[PDB]
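K.L.:
Chain by chain, the residues run as shown.
Number of protein chains: 2
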Amino acid sequence: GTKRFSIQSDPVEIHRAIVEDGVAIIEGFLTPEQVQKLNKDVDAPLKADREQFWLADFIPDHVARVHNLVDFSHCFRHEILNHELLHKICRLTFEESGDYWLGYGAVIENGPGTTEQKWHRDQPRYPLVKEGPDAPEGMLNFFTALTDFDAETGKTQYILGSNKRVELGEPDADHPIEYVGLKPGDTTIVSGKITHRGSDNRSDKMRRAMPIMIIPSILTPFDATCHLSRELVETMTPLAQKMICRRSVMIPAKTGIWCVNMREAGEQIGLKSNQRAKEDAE
Amino acid sequence: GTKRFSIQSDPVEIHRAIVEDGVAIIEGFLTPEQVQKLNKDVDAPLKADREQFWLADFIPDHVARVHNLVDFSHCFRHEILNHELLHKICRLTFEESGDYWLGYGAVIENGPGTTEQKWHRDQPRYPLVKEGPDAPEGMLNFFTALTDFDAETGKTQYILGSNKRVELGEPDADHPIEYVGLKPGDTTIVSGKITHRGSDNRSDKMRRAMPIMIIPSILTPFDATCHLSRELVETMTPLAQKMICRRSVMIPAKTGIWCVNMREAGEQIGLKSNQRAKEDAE
Ligand SMILES: O=C(O)CCC(=O)C(=O)O
Ligand SMILES: O=C(O)CCC(=O)C(=O)O
Ligand SMILES: [Fe+2]
Ligand SMILES: [Fe+2]
Ligand code: NA
Ligand code: NA
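So the protein lines, in turn, are chains A and A'. A prime marks a further copy of an entry chain.
Note that the first sequence covers residues 10 to 61, 74 to 274, 281 to 309 in the deposited numbering.
Note that the second sequence covers residues 10 to 61, 74 to 274, 281 to 309 in the deposited numbering.
Note that these hints are calculated values from the structure, not bench results.
The reader is advised that the hints may include incorrect statements.
Identical chains share a label here; the pair holds if one copy fits it or two copies do between them.
[As the list claims (entries may be wrong)] DSS-like mimics (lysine-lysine), calculated; alpha carbons at most 30 angstroms apart, straight line:
1) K151 to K185
2) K185 to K204
3) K281 to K139
4) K226 to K204
5) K151 to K139
6) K281 to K151
7) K56 to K281
8) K226 to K49
9) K109 to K151
10) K299 to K56
11) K46 to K204
12) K305 to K56
13) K109 to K176
The shape of chain A in the complex, shown without the other chains:
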């Protein structure tokens, strides 16, 4: 089944598993303290969403979602966006296309009563973008548990082998379903090629996942970042600024795009980095 790694594992082997299998698990990708911070950051927005074409209008019964985590989560913008293993894996995964950045960071909360989904792949279908077993990787979703994913709350089902297929496919003897159990802070790295579906939540608990969707930076993210203040952006590392569309990005020809004066976008406007954040201060 799906290879399970730790935070100390070789990114080369994690990348190999993603290429071969379409999916890999990192146990303890986040620490329990990080999980705690992230849950506290999204408690109020999730409660507000729940208490209520745009994709906001297509959220399934009993599911609440909150997007644009950079806007309001200190942990997300400083810890998650600088996650060293995430970056080692993404650099290898997207090497053919060049740099990568954040397609979106969100939390999805499946409440009791959430129903099993249809088989799908995560990658949007665009006429201009190559897709399929032999295409370059178009996305990686570090699908991170913030609560337990078990038999009751729902384990995501992956059709092993489906990353090699053109059609979504059905499980057979040689492509059985794996139901992936996760402890909070474990992540399943989901390629755009692997067929999967979430399960029923038939427990009494909220089941929360934080997709960290990474895409090649030649493609537009789902979550906009253009409204973020220069103040907030300047508290971030240069790497994390690059993940939110505030720095130039490299393409193989490497040369830069997303530029100012045909040069690096941040440097040309004097963009600072690593400045102290108001929320860390008294």
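Fit chain A' with the ligands to the given chain A structure using the hints.
P.N.:
Here is chain A' with the ligands on its own, set in the frame of chain A:
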């Protein structure tokens, strides 16, 4: 040869010419007054560039370039980005991919001594993006003359028929070179599929072109717009804001991406539009 249209021509016929031929000309696409304003806006930056990997470091001998025209040209951000015929043509051209936005707006000034270029296509090659005679359109460059393009200053050469070829190709009897003459304000609409090269500038004059490069909004622009102030952005029309990555954009599934709270990016932050500009005021 290349079909020549006017500002009153049917966009359906212009689009047909782009699909069939890979190139179309609109005479009087800009008015002489617009040409005058644009030239005055770029005079100082061009002089500064001339008086001197990133593409800034690969500009050919005797050529000066200035990018990011939205930042400093009132005419560009209010007149060009709202050009009604440009939009009718782009909506038809990019219908398979959804919405479109500004890949870059620049002025290229070929001084006396500028040499004929190598045959090329304008569209960057990315492993993930389909290219070729049968691929969806990946870019349209409204290559707009700001000075005369004639035998002396240099007419751009297009290999007629090359949009149907996989390789760049060479002119033959059935794919002859067309040298396109332009008066200031005439535009050649250049698809990403047509093989072409600029000519020598063997005159005593500066030869200026303003590429208005439009790309599907699923793709990242060459010119960043993330540093523009909310003040400046709020002076623009909602359409022009969309061209500079400040509004959500539609994809066929239509649904929106580049979102805030999975909804329209500007509306969610209360983005104003059509506000009076400081440079129009006393
Ligand atoms: O896997 C899940 O439980 C839901 C995440 C997912 O598959 C999706 O919503 O696209
Ligand atoms: O056509 C020209 O004269 C120069 C514009 C062009 O072809 C290019 O620089 O890519
Ligand atoms: Fe999924
Ligand atoms: Fe060109
Ligand atoms: Na693979
Ligand atoms: Na065509």
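K.L.:
It remains to establish, for every hint, whether it holds in the given structure.
P.N.:
Results of checking the hints against the structure:
1. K151 to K185: both (15 angstroms within a copy, 20 angstroms between copies)
2. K185 to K204: within (28 angstroms within a copy, 55 angstroms between copies)
3. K281 to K139: between (40 angstroms within a copy, 21 angstroms between copies)
4. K226 to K204: within (14 angstroms within a copy, 70 angstroms between copies)
5. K151 to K139: Cα proximity of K151 and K139: in one copy and across copies (23 angstroms, 28 angstroms).
6. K281 to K151: This pair counts as both: shortest intra-copy Cα distance 21 angstroms, inter-copy 20 angstroms.
7. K56 to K281: Between copies only: 29 angstroms across chains, 45 angstroms inside a chain, cut-off 30 angstroms.
8. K226 to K49: within (16 angstroms within a copy, 65 angstroms between copies)
9. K109 to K151: Result: close both inside a copy and across copies, 24 angstroms intra and 27 angstroms inter.
10. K299 to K56: between (35 angstroms within a copy, 29 angstroms between copies)
11. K46 to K204: within (16 angstroms within a copy, 62 angstroms between copies)
12. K305 to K56: This pair counts as within: shortest intra-copy Cα distance 25 angstroms, inter-copy 43 angstroms.
13. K109 to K176: For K109 and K176, the Cα distance is within 30 angstroms only inside one copy (27 angstroms; across copies 48 angstroms).
Hint violations for this structure: none, all hints satisfied.
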